[PDB]
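Undergrad: These are the residues of each chain, in order.
Protein chains: 2
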Amino acid sequence: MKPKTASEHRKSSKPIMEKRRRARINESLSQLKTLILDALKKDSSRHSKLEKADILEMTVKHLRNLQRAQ
Amino acid sequence: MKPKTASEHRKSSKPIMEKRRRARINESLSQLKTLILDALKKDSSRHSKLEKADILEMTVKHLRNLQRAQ
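Protein chains in written order, with PDB author numbering: chain B, 26 to 95; chain A, 26 to 95.
Certain hints may be false.
One copy or two, it doesn't matter: identical chains are merged, so the pair holds either way.
[As the list claims (entries may be wrong)] Capping the alpha-carbon separation at 30 Å, the derived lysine-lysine pairs in DSS-like fashion look like this:
| # | residue 1 | residue 2 |
| --- | --- | --- |
| 1 | 44 | 86 |
| 2 | 39 | 67 |
| 3 | 74 | 44 |
| 4 | 86 | 39 |
| 5 | 66 | 27 |
| 6 | 39 | 58 |
| 7 | 27 | 67 |
| 8 | 86 | 27 |
| 9 | 66 | 36 |
| 10 | 39 | 66 |
| 11 | 66 | 86 |
| 12 | 39 | 74 |
| 13 | 67 | 44 |
| 14 | 36 | 67 |
| 15 | 66 | 44 |
Hints are computed from structural coordinates only; laboratory data are not their basis.
Could you build all of it, start to finish, from the sequences and the hints given here?
TA: Encoded structure:
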């Protein structure tokens, strides 16, 4: 399937804290993708083809759209 | 017992494409934190220490603001 890919870049310190961080990274990215795709209402297929980079920048680009809708 | 369910990488993609994606991930996330922190002007000092999760969330939360404050 295509699960929530975790971008594991190793930078350890506190095993517990970095895991909590990691979890929260997924938590935030998941809702990020969710509210973005829902606000723009692009397509569900291009949601099922959302590359991590596509998701991140989509959020930033929507930011610009909102930021001009003042 | 020890249930080994996650040890090997069940991960499939092209090394080159995923590397290109990786670059864009970092690119997107970088400008993402930038425009968010600067738009609300929280603190640029604490901006030197933003947890990845804090960064994603900060952007999502600002999305909400943009969606409902105007």
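Undergrad: For residue 27 vs residue 67, is the C-alpha pair at or below 30 Å within one copy, between two copies, both, or neither?
TA: within (19 Å within a copy, 36 Å between copies)
Undergrad: Evaluate residue 66 and residue 86 at a C-alpha cut-off of 30 Å and name the case that applies: within, between, both or neither.
TA: Intra 14 Å, inter 19 Å, cutoff 30 Å: intra and inter.
Undergrad: Using 30 Å as the alpha carbon limit, work out where residue 39 and residue 74 are close: within a copy, between copies, both or neither.
TA: Classified as between; 15 Å across copies, 33 Å inside a copy.
Undergrad: Could you figure out if residue 44 and residue 86 sit no more than 30 Å apart (CA to CA) within one copy, between two copies, both or neither?
TA: Both: 29 Å inside a chain and 22 Å across chains, each within 30 Å.
Undergrad: What label fits residue 39 with residue 58 when the C-alpha limit is 30 Å: within, between, both, or neither?
TA: both (28 Å within a copy, 23 Å between copies)
Undergrad: Reference check for the pair residue 66 and residue 36, CA-CA at most 30 Å: within, between, both, or neither?
TA: between (36 Å within a copy, 28 Å between copies)
Undergrad: Within, between, both or neither: how does the pair residue 67, residue 44 come out at a Cα-Cα threshold of 30 Å?
TA: Between. Shortest inter-copy distance 26 Å satisfies the 30 Å Cα cut-off; intra-copy 33 Å does not.
Undergrad: How do residue 66 and residue 27 come out at 30 Å by Cα distance, when the copy is not named: within, between, both, or neither?
TA: The answer is within: 21 Å in one copy meets 30 Å, while 37 Å across copies does not.
Undergrad: First find the shortest C-alpha distance between residue 36 and residue 67 inside one copy, then the shortest across copies, and answer within, between, both or neither for a cut-off of 30 Å.
TA: So residue 36 and residue 67 pass the 30 Å test across copies only (26 Å; inside, 35 Å).
Undergrad: Tell me, please, which holds for residue 86 and residue 27 at an alpha-carbon limit of 30 Å: within, between, both or neither?
TA: The answer is both: 24 Å in one copy and 26 Å across copies each meet 30 Å.
Undergrad: Between residue 74 and residue 44, at a C-alpha cutoff of 30 Å, which is it: within one copy, between copies, both, or neither?
TA: both (26 Å within a copy, 17 Å between copies)
Undergrad: Under a CA distance limit of 30 Å, which applies to residue 66 and residue 44: within one copy, between copies, both, or neither?
TA: This pair counts as between: shortest inter-copy Cα distance 28 Å, intra-copy 32 Å.
Checked against the numbered hints above, the structure breaks none of them.
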